[PDB]
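The chain below stands alone and is given in structure tokens; this is the form solved without this ligand.
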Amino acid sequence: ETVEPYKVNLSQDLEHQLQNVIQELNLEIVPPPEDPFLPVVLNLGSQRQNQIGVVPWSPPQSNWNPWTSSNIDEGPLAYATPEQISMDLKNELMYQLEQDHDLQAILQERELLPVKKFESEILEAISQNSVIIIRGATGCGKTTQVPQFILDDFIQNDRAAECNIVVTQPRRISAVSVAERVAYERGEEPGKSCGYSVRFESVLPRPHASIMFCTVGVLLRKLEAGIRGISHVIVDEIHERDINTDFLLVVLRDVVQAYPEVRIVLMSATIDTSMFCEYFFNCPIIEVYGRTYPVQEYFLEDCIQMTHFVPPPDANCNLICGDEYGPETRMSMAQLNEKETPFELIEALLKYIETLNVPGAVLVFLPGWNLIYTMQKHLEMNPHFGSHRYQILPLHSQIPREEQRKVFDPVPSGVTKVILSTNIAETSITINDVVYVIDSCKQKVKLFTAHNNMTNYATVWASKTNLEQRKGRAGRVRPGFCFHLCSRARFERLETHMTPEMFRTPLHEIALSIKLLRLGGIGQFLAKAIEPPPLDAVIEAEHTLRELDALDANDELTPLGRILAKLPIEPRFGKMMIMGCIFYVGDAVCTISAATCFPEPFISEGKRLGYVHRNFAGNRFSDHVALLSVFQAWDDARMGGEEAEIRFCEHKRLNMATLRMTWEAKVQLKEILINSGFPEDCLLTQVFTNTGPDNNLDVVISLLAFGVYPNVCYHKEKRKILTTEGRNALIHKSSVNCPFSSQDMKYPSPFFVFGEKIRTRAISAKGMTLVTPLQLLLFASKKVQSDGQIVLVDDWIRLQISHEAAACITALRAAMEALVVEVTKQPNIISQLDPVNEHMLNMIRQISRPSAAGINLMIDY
């Protein structure tokens, strides 16, 4: 079935050098076996424990900026008394209201919002109780108004200086957009009374009488200092059950016991909030409601029948169909695959909607950007859905806020607004003048399985709660309609609620947070959660952090673990960054790491890459080198001003926003290493060639192999690769390593590390970089067994290599790990390392070279 052992052509000069270094370091060499039926394993090999602790809290004061977490000295507000600040801010606001007519008009829109009438009740509830829950339908105005109500209360009652609100949002798009919206509602830009703080981007508001919208991750990273100088904490959209939100509620519950002066406000959609109420000591529930219209529901049976639709040529619920429908309806529906969504039926539904002769927008719920793009392309093919008749606007996370705000804009009468949206438009935002809803009844979820390291962006069935919420979006302006694209049988076999993220998400990052914040045991703390995670996930987290040496045997945070907890990326990439610093390639490795948090900068449109994009790869057969190369080129082109940058990006077909955000992310990652004590000169930008000899890039590739482990694969032919599991898989179309057409690629090595192992119809390897066999042994393997002439790597691939070489390379890995520990104890030692460590690093540098494994990337053969 599987392939023969790969020939590894290693020179004796290098084989000796390896043995000499291992001699010099005096590392324990696992000797060869006597009989070849004895596979010998070449692999080689504290503070006191806590119990529990609470995050400290303190209220706002005048000489303290809670967003920058520092004193105010230089400014005039260092001495300024609270009363002065309060009165000045009040007078400023009063003057603005009487002068600005556009602001008056905006305030008048605010007063018509359903939540307005509950202003008094909400404010009293907050003042009387440490914790409250505000429950109400989506579109009432919980998110935008409640923080303002609270702030304007403190302003207008001459105590503006005692008000600092933190507002948490599950999404990045929400934290930014809400801040922009609230600012506009107060006649400001973000920076004055409102601000935002997400990962790798922030606009901090003023120190006094200010609202800070943020993601939960940002807030948690700041809590090691404490919740210093905050009057209110608003946790929004709790019903979505974001894992970080659920986690925060655990922390906040401990806070309100020890510090009952703080105010917590939980805000929720129309769901059963018993859980949350009971969790927070039977806190009050303030109900919020407004204008609602009855919405007529339809299902796939109904939709097919009234459109007379006919398609092309769990159990299948499209086979099941009641006998109060036509024979054509049964026959037609039975041809539809449930695992697909019927794009042509949606097209038909749009055409049916305009025969009703009632003008209004159509909100179409689709799982991900792919099915939005596919639906969008489908429509614009047909001339009927053109500029004269239709305004088709996509709404997902990965488009500029320029285009996102267009969904709220009105349209000329005669044109119908169609929004192709994700679940963002389910409970988090409310698009206006929506009369019709087409619902796919799907969700998009990350399902990660640790055993095989498989990522699945799975399209899954939504809950009854989801379908009811999506149905509710149609009836805010007038009686609406909702077209569910699931069978009436399927509806019955839907779960009532989605699985919360706490049940199905890796917990290693939350585990690091727990230890950073000194909240006690990982298992102990997560047991107190509203709905605790499964045991295996906790064990998996503990296992992951032990492998990295983030935790010691006592499960206490090591110096290395402290750095990984501070870095807002995957811990494994954090460690790779640290290794990069040791090798003086920290900038490149920080660039690689940053880019994992954002979309691909290449605008490929889901196709194979063209000439321009592939050239960036050089002769390295690497998507990561391509990334680094576009950053080198982009940074050069950016020298000549903003317009020169734009032209470069749209000439090279690059997403300029992605490159900018990634750069800024890199700067902040570097910032945190500097503070942790890493020297400046191991994090400098370093020019590199992607074609010629370059040992700096060699090391990056070696370090990349560590980061993405255990994503390794072996090329057979065309696009077929073998995974770690043993199963076969495809090269992703995006890759520079994907054959452009017929001409097969002559890879100098069959081994590739890669970013994601994606589950779809088949196993796909995305973001692929070629590595040599030596790099495989060094950084892209845990377990290796030698019989004398053949080596077995992680019980999936075999190599024909010297025993001594394999054991020496495995010893280097152990030596490097030992140094990483020593370095994290005292990071500044990389400035001047003793000769023996430099000898170890130099040998790894040599092993990272293509020529080390008898490869020459110059001669394409």
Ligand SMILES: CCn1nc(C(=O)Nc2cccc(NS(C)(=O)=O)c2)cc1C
Second form
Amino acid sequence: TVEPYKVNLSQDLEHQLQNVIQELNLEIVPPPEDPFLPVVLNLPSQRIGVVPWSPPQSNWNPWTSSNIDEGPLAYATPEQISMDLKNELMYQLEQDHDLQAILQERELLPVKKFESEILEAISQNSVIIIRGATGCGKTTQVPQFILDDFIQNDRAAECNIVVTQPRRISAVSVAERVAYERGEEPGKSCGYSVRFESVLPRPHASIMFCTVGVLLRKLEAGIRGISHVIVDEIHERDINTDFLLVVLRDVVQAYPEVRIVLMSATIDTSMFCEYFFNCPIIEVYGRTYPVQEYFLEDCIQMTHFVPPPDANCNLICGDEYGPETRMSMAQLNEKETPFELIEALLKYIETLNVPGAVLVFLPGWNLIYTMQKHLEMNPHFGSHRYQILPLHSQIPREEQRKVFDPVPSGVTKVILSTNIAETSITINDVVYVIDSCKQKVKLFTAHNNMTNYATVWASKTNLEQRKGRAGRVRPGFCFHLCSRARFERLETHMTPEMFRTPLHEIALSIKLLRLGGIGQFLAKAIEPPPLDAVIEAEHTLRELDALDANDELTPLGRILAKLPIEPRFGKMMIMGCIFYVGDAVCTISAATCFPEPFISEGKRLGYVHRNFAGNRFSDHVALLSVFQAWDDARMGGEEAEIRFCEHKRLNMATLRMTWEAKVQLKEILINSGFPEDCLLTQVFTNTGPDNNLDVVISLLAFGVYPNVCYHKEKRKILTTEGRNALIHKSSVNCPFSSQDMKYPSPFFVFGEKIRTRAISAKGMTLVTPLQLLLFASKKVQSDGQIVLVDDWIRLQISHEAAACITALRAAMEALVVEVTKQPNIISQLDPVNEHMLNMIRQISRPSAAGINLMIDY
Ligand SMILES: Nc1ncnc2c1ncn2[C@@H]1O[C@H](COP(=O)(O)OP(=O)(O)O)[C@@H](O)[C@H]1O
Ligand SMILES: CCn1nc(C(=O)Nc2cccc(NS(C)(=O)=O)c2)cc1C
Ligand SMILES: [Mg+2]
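For comparison with the form solved without this ligand, kindly provide the form deposited with this ligand bound.
Shown next: the complete complex, the earlier chain at its head.
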């Protein structure tokens, strides 16, 4: 219902645009004959493969994928290497009484009694499954059993083990734990490798813990110098793990000397067993105690709790309960987690007078933070009685480790945990579980580019696994916060991720690794993804020009396949290289992989954070400005860095991890033949004229498409599907109070469209209508006076200017194709290319759209 927006475009710029399109002989759609017929302005390599395998070799580092050339290990024999490592190990165990005591704890883990059986099963079979309760010792012990079996039988040199974990936090933490159990730190017998961080193991007799993504990205040259591949936690149905299971089944068939070990919680593993040619299953178990389970009804009755003022299963309650119980329950909204009942349940646990930790399953960091604040508002829950520790993947590792620590007598340890504590880790001392009965899942929808961090019901299987966490120490209690009539309607299993995740990154891996057709390869998965997801991945890669018309990998596609970020951000970074702003676009790209460095606490930003934005109405400009200020403050050394981050309320670990990620992305571009000088750090101002920053913001519009919106008033924006939405509270563009912002343009690009109670735009950058047309527009129809952009917004702008700006986009797209075939043409600064680039540089200026950001509006 919004009037066409008037673009203020000067006569000089209109003619410059016309001149550049004419000088470069670019094709333009002429103005229509009659208005009521409007016109759109928008107008190969030759066609199954197996990843090769090869066993460890004495002169080969399987982790660096290189020859050992310097030092003794180059020429040393397998026999020398093996006895040296055996002797070194024997001596360490003789001398180290703290290590001896660590080994004695190891030997009491339930998995220990199966050691012989596991090693016999692995030696005689290409593939096995190891199945047992969470906490038996599969993850920490089985790679050690295998390594120590080789070291003790004078074959240390013949053993290199890859262990895949479905989570970053698990790969790092397991490496640290297994190192500690071997009297070391990561970098010797154990190492880890996650997306933008590694500590490599030694080249011989060693275990690498990695994410599946890291391993797939390293498979271009094959699996070279590895004896064992252990795929951990298969029961989680992590999509990258399901995918790797397809790759490894082909590997096993063609190279039967490899050893594959799949490890699983107590689930039906028959599907995996059959998929891997009815491979043996080794059952692992130890002592478990019975656990009394309770539902929302029982929790209300036991605590006499009374609340304040799909079909609702809290209206259903059996008649063997009180009428206060049934009436109390009936007031509880199932879409909320009842924080006050959790408090009431903690006090009830005190009355049982049996010491033991309480594990509380909450969906995500949001409700954990909320539950924590809640309890610290009651001095009942102070240090004198309570140790309340948050467990989620974004808390530092020092804090994560604290959940294993013992507590002073008459203190209760309470863990507010994500589902990490479901099957991945075992917290000892747990006697009590409070189960929200919820999961956090990322649901994406391509049709409206909507992200939903949805709070959904857990499965029966998740409730069983959660209940069983209370029953490892003594008889236990599990308090399920769903009614008995919600339990009945729960699925048996969560949907595997393969059914509900975009596949374009897996599609690029399939093509980089030459495993054949995308649909063909995915049809061999243990549970193939739905047709529509495959069609959408192929459509996405074709639109990006990552695949040609024949669906073969382009030079562009190859680069995007080697970059561990969203392909569209990979293309944005290639464009930043061409414009000589590579370092800035690599910083924006890296930051999408990490939480916000602003410590804002889910409330509106204050003055200090807002000042990083300058006059650009841009969260992305705020981010680049904190990176510049922080990098400068770091020249003073560690304490100056720590004080900078404390005074400015910045998360230091986030800034450092993002910088490191930026460095690695830049390295992958350098090695793809991009020149050093297009990727140098460039000083910029966030208030004065800056053509480099102008271009970065143009390229950001490209990167985050189709996330464009139109500001109505206050916090209300219109999205591309015509619908209403809110400016996210955390944005520099969110009003601090009642004073209204005076945006010199109503057009905003943003990092993610979020579905909660309402639709929110988070990570918001103001763009001009020129930038909208150039980089945030797939389709533009003109009637001669008015243009319609992707059927949701109208601009009053000369037909010729809009047609010229569409031609610039097409020209830029064609340069990206040329630059990816030969990246060093960036260096040539060919004058026909520069003439087109300088015109994009010009229409990236606020002044091109009649905006001066230094003059208040
Ligand atoms: N960081 C740690 N601190 C203390 N104990 C730990 C740590 N990591 C693992 N453990 C303990 O090691 C044991 C075995 O864990 P794990 O190997 O993960 O078993 P599984 O893979 O069979 O679930 C558990 O009792 C667990 O608590
Ligand atoms: C180049 C140095 N480097 N390497 C890594 C890395 O994760 N390597 C890795 C991971 C898993 C397995 C293998 N070996 S393989 C392909 O299975 O044979 C190798 C990280 C860094 C900085
Ligand atoms: Mg495990």
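Think of the rigid core as the biggest set of C-alphas that the two forms share within 1.5 Å after superposition. Positions refer to the first chain, counted from 1. Residues that one form lacks are left out of the comparison.
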Looking only at residues found in both forms, which runs of 3 or more have C-alpha shifts of at least 2 Å between these two forms after a core fit? 46 to 48
